[PDB]
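This part shows subunit A:
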Amino acid sequence: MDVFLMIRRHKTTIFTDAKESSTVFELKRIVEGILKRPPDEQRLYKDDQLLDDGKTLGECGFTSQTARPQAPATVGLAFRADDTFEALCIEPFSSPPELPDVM
Partner candidate 1 sequence: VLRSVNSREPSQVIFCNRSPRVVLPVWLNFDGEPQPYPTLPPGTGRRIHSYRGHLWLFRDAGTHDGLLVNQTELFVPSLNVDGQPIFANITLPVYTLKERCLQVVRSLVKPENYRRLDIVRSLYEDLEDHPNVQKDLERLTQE
Partner candidate 2 sequence: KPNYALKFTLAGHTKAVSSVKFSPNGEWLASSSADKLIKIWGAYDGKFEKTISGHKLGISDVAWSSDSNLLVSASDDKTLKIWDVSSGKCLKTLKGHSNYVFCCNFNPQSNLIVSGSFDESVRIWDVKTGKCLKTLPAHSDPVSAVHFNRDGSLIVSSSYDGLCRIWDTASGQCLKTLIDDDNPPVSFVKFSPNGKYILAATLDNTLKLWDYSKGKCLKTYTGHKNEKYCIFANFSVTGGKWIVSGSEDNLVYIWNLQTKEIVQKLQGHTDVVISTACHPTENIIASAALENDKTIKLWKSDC
């Protein structure tokens, strides 16, 4: 089963899919291939929940039903910063204009 994800940190969003049965650690390897930082320097999140390397994505709550291609699920990403980790911080997308009169 495929899950469809947005991995987000600051003003960065990675669109990727993964298997429900694949691990958090394997997802960090995807991030590493793109953003250089090794798995040990990453923290992945579902909302405010720190995800453990050895859990599967299914076990964290990412499933085919909750993580769809047209509506992917968000994974938060935080990097090591010197002695500790930065706080989780996802910048919101731009806001939509008010609905014109016709709607």
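Heads up, the rule we're going with is that contacts are C-beta pairs under 8 Å (C-beta built on N, C-alpha and C of every residue); 3 or more make two chains touch, one makes a residue touch a chain; residues count from 1.
How these were chosen: all candidates are chains of the complex that A comes from, given by their letters.
With reference to the defined contact criterion, which of 1 or 2 touches subunit A in this complex?
Of all the numbered candidates, the touching one is 1.
Quick one: in the complex, what on subunit A touches candidate 1?
100-103
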